[PDB]
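One structure is given here, and the rest of the page talks about it.
It is the complex with one fewer protein chain than it really has, and the rest are unchanged in position.
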Amino acid sequence: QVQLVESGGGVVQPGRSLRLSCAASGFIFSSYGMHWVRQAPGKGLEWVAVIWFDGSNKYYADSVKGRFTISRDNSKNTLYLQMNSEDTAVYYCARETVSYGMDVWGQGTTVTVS
Amino acid sequence: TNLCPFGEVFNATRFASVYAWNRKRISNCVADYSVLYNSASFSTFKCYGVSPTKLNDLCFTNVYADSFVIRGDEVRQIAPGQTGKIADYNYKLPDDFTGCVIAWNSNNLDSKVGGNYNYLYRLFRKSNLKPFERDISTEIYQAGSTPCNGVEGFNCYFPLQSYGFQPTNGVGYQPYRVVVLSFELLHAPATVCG
Partner (left out) sequence: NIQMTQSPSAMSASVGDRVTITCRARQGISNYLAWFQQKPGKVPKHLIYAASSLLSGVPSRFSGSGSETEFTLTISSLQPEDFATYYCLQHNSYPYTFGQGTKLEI
């Protein structure tokens, strides 16, 4: 019984910024790894970011200029503040396991830059 | 004067895995090497510093017999300035090494029908090894993000791996027993001689 309470997709501007968060349900987001993936309609999946628990993060080819991730373990909400600009995608925030292997995801922040 | 226990090293019947190669100091004694070089029982005898025949007429201050078991075809990596998973993740020789490497095929002593899977070796590591350093830990290598807590599931995996040492394997795929003698000449008098 795990899930992500995703922050709803905003209607941003071309060149503006935004920020989305995903609260945890069921699991302990304190010591898991949280991945952020964006699936753009009219395209395929595109890996965006990966966050550990101990403040170690890695990013994507195009989302490594205006994206910054964090894990509010106080609220157990994996969040990030991003720029915007070719970014209208249905972002998923999945969380990793060694056994299941990323079998719980986000629910599609429908973020658009226009 | 005493005799050095080269018998209790070369003719010891239990070598450890190359990832946990076993070091044994030789000191306060005097023995010979020009009988080992005369023994002709070995199949690889390379002295990187002094020539083997000359060395019997020397004296040494820090002798360490290092013993392990590798595959026959990977013996070339036991050498200074060398790449190879053995020389990378398991056992690096310093580029200024001054000693002898002694490898002999040990197919019958080791290669069982079911394989001697006591022999393991490191095939994963974050970085290589400074020479003569050893890694003994057996933590499950965590390349992922989550802590996998000893579970070899997704994105985690064991860093050590076995050897299928069986008589059915090829000549180069049969196990070799390897000994390395290092003769440092530093700020000290000698304790080993000929």
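Letters are used for the chains, namely A and B, taken in the order the chains are written, and counting of residues starts over at 1 for each.
The criterion applied here is as follows: contacts are C-beta pairs under 8 Å (C-beta built on N, C-alpha and C of every residue); 3 or more make two chains touch, one makes a residue touch a chain.
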Listed residues A:22, A:34 or A:50, member touching the removed chain: A:50
Contact residue for the chain not shown (choose from A:16, A:19, A:58 or A:72): A:58
Residue, one of A:29, A:32, A:80 or A:92, that touches the chain absent here: A:92
Residue of B:107, B:155 or B:162 touching the missing chain in the full complex: B:155
Those residues of chain B which, in the complete complex, touch the missing chain: 154-155
For chain A, the residues touching the chain missing from this view: 35, 44-47, 50, 58-61, 92, 94, 99-103, 105
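In this text, only the chains that are shown with their structure count from here on.
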Mean-CA-position distance for chain B and chain A (Å): 48
Residue ranges of chain A in contact with chain B within the complex: 31-33, 35, 50-53, 56, 96-102
Residues of chain B defined as touching chain A within the complex: 144-149, 151, 153-156
